[PDB]
Amino acid sequence: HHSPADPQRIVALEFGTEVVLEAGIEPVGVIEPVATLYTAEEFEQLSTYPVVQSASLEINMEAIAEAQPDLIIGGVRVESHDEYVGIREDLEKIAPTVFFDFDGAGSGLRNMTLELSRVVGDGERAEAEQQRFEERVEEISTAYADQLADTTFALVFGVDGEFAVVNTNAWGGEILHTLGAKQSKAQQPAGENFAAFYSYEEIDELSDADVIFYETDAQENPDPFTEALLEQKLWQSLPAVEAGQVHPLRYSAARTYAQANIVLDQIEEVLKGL
Amino acid sequence: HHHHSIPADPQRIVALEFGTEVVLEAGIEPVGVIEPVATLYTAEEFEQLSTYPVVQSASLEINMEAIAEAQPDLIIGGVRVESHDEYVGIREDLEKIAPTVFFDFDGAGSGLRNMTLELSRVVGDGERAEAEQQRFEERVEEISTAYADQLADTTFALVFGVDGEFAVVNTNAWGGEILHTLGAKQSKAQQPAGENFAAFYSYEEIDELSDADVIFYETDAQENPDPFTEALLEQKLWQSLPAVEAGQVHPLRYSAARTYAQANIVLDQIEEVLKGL
Amino acid sequence: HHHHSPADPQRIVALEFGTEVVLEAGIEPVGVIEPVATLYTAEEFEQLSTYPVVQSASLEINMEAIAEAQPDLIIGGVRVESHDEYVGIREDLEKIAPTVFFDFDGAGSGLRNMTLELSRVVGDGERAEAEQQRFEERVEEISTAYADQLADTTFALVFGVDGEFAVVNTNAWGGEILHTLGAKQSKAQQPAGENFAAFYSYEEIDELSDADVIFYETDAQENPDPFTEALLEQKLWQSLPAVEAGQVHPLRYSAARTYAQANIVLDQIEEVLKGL
Amino acid sequence: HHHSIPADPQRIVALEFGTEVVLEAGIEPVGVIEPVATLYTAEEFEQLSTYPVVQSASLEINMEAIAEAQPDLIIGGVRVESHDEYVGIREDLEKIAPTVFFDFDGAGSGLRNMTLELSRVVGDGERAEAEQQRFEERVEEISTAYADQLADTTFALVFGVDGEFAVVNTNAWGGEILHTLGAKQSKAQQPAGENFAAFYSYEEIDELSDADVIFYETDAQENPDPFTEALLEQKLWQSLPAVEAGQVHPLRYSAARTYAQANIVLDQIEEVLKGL
Numbered sequence: 061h062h063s091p092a093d094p095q096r097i098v099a100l101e102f103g104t105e106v107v108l109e110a111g112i113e114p115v116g117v118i119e120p121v122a123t124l125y126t127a128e129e130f131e132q133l134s135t136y137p138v139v140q141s142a143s144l145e146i147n148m149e150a151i152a153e154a155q156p157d158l159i160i161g162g163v164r165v166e167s168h169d170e171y172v173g174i175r176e177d178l179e180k181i182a183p184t185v186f187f188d189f190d191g192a193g194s195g196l197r198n199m200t201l202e203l204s205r206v207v208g209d210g211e212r213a214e215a216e217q218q219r220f221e222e223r224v225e226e227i228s229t230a231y232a233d234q235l236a237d238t239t240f241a242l243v244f245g246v247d248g249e250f251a252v253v254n255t256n257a258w259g260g261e262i263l264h265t266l267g268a269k270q271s272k273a274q275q276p277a278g279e280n281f282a283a284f285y286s287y288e289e290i291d292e293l294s295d296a297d298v299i300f301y302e303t304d305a306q307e308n309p310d311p312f313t314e315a316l317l318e319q320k321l322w323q324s325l326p327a328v329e330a331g332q333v334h335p336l337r338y339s340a341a342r343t344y345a346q347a348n349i350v351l352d353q354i355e356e357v358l359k360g361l
Numbered sequence: 059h060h061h062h063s090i091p092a093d094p095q096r097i098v099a100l101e102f103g104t105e106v107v108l109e110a111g112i113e114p115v116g117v118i119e120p121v122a123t124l125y126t127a128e129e130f131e132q133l134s135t136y137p138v139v140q141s142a143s144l145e146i147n148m149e150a151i152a153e154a155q156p157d158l159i160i161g162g163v164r165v166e167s168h169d170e171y172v173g174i175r176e177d178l179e180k181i182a183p184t185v186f187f188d189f190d191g192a193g194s195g196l197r198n199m200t201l202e203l204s205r206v207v208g209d210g211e212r213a214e215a216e217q218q219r220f221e222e223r224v225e226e227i228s229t230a231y232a233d234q235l236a237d238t239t240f241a242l243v244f245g246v247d248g249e250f251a252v253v254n255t256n257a258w259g260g261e262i263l264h265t266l267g268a269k270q271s272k273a274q275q276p277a278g279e280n281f282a283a284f285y286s287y288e289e290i291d292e293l294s295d296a297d298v299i300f301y302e303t304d305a306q307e308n309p310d311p312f313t314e315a316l317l318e319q320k321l322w323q324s325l326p327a328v329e330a331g332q333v334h335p336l337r338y339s340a341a342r343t344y345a346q347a348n349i350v351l352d353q354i355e356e357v358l359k360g361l
Numbered sequence: 059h060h061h062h063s091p092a093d094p095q096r097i098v099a100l101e102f103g104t105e106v107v108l109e110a111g112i113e114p115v116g117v118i119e120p121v122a123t124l125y126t127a128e129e130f131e132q133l134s135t136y137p138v139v140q141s142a143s144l145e146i147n148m149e150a151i152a153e154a155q156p157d158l159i160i161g162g163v164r165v166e167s168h169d170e171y172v173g174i175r176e177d178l179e180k181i182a183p184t185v186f187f188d189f190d191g192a193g194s195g196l197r198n199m200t201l202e203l204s205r206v207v208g209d210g211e212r213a214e215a216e217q218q219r220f221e222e223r224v225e226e227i228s229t230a231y232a233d234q235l236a237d238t239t240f241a242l243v244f245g246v247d248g249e250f251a252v253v254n255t256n257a258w259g260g261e262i263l264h265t266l267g268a269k270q271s272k273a274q275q276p277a278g279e280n281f282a283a284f285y286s287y288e289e290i291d292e293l294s295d296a297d298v299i300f301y302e303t304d305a306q307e308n309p310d311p312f313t314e315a316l317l318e319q320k321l322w323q324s325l326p327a328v329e330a331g332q333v334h335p336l337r338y339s340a341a342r343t344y345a346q347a348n349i350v351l352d353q354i355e356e357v358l359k360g361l
Numbered sequence: 060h061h062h063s090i091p092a093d094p095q096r097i098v099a100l101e102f103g104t105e106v107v108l109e110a111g112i113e114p115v116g117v118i119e120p121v122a123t124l125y126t127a128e129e130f131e132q133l134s135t136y137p138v139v140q141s142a143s144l145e146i147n148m149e150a151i152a153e154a155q156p157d158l159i160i161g162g163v164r165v166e167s168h169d170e171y172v173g174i175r176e177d178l179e180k181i182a183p184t185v186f187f188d189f190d191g192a193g194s195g196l197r198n199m200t201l202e203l204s205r206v207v208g209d210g211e212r213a214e215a216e217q218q219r220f221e222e223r224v225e226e227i228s229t230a231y232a233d234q235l236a237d238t239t240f241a242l243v244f245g246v247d248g249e250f251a252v253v254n255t256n257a258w259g260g261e262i263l264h265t266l267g268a269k270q271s272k273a274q275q276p277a278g279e280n281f282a283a284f285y286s287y288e289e290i291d292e293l294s295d296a297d298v299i300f301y302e303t304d305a306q307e308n309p310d311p312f313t314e315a316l317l318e319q320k321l322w323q324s325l326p327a328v329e330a331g332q333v334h335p336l337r338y339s340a341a342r343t344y345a346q347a348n349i350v351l352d353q354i355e356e357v358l359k360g361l
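Protein chains in written order, with the authors' numbering: chain C, 61 to 63, 91 to 361; chain A, 59 to 63, 90 to 361; chain B, 59 to 63, 91 to 361; chain D, 60 to 63, 90 to 361.
Hints are supplied without guarantee of correctness; some may be wrong.
Said to hold, decoys possible - Pairs of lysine to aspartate or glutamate, EDC-like flavour, derived with a Cα cap of 20 Å:
1) C:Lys359 to B:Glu289
2) C:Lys359 to D:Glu131
3) D:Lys269 to B:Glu318
4) C:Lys359 to B:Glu288
Please keep in mind that the hints were generated in silico from the structure rather than gathered at the bench.
Construct the complete structure from the given sequences, taking the supplied hints into account.
In structure tokens form, the structure reads like this:
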């Protein structure tokens, strides 16, 4: 918070993609697009751009050279800071390179990307969105204070053979918490971790929820593992389920403030219905 | 100059930004007001303000048509000095409707409550407003000498929360300036601010406030923290601060004292805490 | 001006709003508009049925039946919106007897002053004026005897309609007389603006959570219409602070047509103020 | 709803509930939901049968047919429980032409108010508003003109289905208009709770033993449907006090989709109220 100008050819490494898309910029090189992170049109568009870093984060220094950038941007997990002071000294031979660190799975992401989209000179819309967020959690937290306190929420997604319950310190779970919304006792075992994991045998764990969000991709479709969860026998017995209070939640990860505001939009729609 | 040594008695006042408090304090019912923001007002005050025609948006966009319709005899408001040229133009426009008085203010300290003193005068409520300024000055002297010892020993802090970060208010802004004016000392967590109104910190850096014997956090006019300040208060690392362990963390209403009446309530709150030390 | 500082009419036809004038004057009309029994006490209604009907409830005037009543004076009120229409009619009617129409605007004090003039025309000027001064003295008297109540207490005046209810505004009928008194009334009336009431769905009944006292309109004999009765029967209604506390009351003559009726509103608002 | 996108639409497509509105407006529609004869007069049904069908009796909307009709405006009503589902339909339909859907809660006053809205939009606002006020006046009129009979007489509104029969509750159709009116209705209502109707077998017809008068639903031309007809043949129907006593009557337009219809329900209840 507060109290190489005008770049033409930007390479966007991990967490860079969202910044440039939000900025209206076409990047000259990009990390390998995973389709779950983008609207179908954004995925189709990104697939025409040169792939410069793999989904497993190994960087092609020759691809980046070939793309001839003014500016390389990226987000870095703080625990690998040491590894990346080497990477950016190397990369700086090719162009001015800006990494930013973030810590955890909460506000660190939307703040890290706030930075990056300043650097590419989109600082105004970004800052706009940060302020919008801060005003809306203020607005929503008080307007639905009764609902938020009465209601037990849960936010889930499926993995292979197991389902997760997102914690108070990550993705949409953080945003629910900041909002003053209480969440299932299934959450508590997570501790410092971002989620607590359970077997299909343990689905009853969610029986105290009045509303359940499940994570979906940018097109409101669940991945096959979440889909496998919503198909389990025990899932049909949940008070939240048989009461018809199960909803999708797009952009759960909140990689930016625009995305975090779409999460709030979706929480509010569910709040009105109570 | 603010200390001393167009209609008299105006009937239909339109209170743009910072004019809301002026007319409230003067018991005047305006004919048009800036869109009420609930956190600036008491519960009772906010209901009352909701019965008046909105004439300006929270984002400061002015509805001239609605202002004309309210047929006012006086239009009042405060202007940030960096916008002075933009508002010479807004004044020309509005003056076709009614006599329009704007006052400028610089910064985040005593400027604000003097700009409102000026509006209070313009509005006919000069005597109460000057009384209140006289009172603020007298109490600062009274409290200063009566608690001299505590103010010398106690290191204070004033914090508020943003999304994922918190702020320490500087000595040149809001309640942090009223502490200073009084001669209270404040945590070294202030030091990065410089000329800015606050120093920002990660939840990691909460130890910086270890310094503080007492801590104030900013609330609304009804003593409630906003969610972000509440998120600060909940952190694990917060529970280790010496001021927290000692049970010396308190709400602070009207930290951003817009009027002298307001600044006097901040002094009131600072005095109760001083009595408890 | 309404405030001051055919001589002796024997056979009076009383068109719309004329009825209330002769009743108050003790005069027996020779012809009258169709009596609608919500407007009168039981007794008054019985007496008004034995008078030859001369104007329909939809305000259609029967010139033949008027002539046959042999009037020496035809009186009536006229909404000022229909002023033009009615110089035509007065022209036709004056060929039978002297015809006095009087215009009225709005839903506030307009009415009771127009009947005051009709009362003067008819020969009843003294009682009518007296009631007018009486209304004023009682508003002063009440206003200061229960200043504390009038200061604390938030009133609300409702009537029902089909599927919705109305909160009466400060500028009409019983909500005007409350305002004239200086009583304060629920925020629920704000959306009316310059209109005489604000409408709401039964889901919106908690807007009146505001109120310490609620009046509901009734007919001259203290029975609510079916639509109002509909409203008191709703579920949400029994969760209203005003309803929990037993402060819901009828109000006759809410749309006070004369100063006598306006005084009976005051009378009713006074008996409520004692109880608080 | 009470007072205190083409302006002059040429080509209207009437989805469910629009049919009554354009009929009432004098407007020929350029496409229509599948006509159901029971809802219309014989004349009305012939005319409706010449307009391009655009929606099925099961409310599957044929987007294509709608486009071939090239409408100005697409009107219709929507059950508020399907509000969600229909935000995708409107966004679809609005590719074709400006779409005005109005939500309605329940089977009672909801309907006639939701059609009042639609009647405004196609510019028949005056007549439609006129009926609304005429209804409200008549419910007051009839309620006090026959207060004795409403207090004394137990009513019931019934209709047949396949193998069973129904009693209309106080919150739906003509059962609501009876309630609104102050009429009491047979204990047969009570098993419905919040539902629109109680269903019984032919073995349970004696549950109407307490009714003094019974209305059976008919179509716009006073013929009962066959299921209703079969009800009226059952031994236990034939034994009911009200059936034996002569006091069993048809009731057209029980559904009261519009205020004009609702008023025809009233004329019919009034007619029976006279005879008592």
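Here is what the structure says about each hint:
The straight-line distance between the Cα atoms of C:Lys359 and B:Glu289 is roughly 15 Å, inside the 20 Å bound, and the hint therefore holds. Between the alpha carbons of C:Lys359 and D:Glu131 the distance comes to roughly 46 Å, so the proposed pair goes past 20 Å and is violated. Restraint check for D:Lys269 and B:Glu318: the C-alpha separation of about 15 Å stays at or below 20 Å, so the hint holds. Proposed proximity of C:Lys359 and B:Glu288 is supported: the alpha carbons are some 14 Å apart, at most 20 Å.
Violated hints amount to a single one, hint 2; each of the other numbered hints is respected by the structure.
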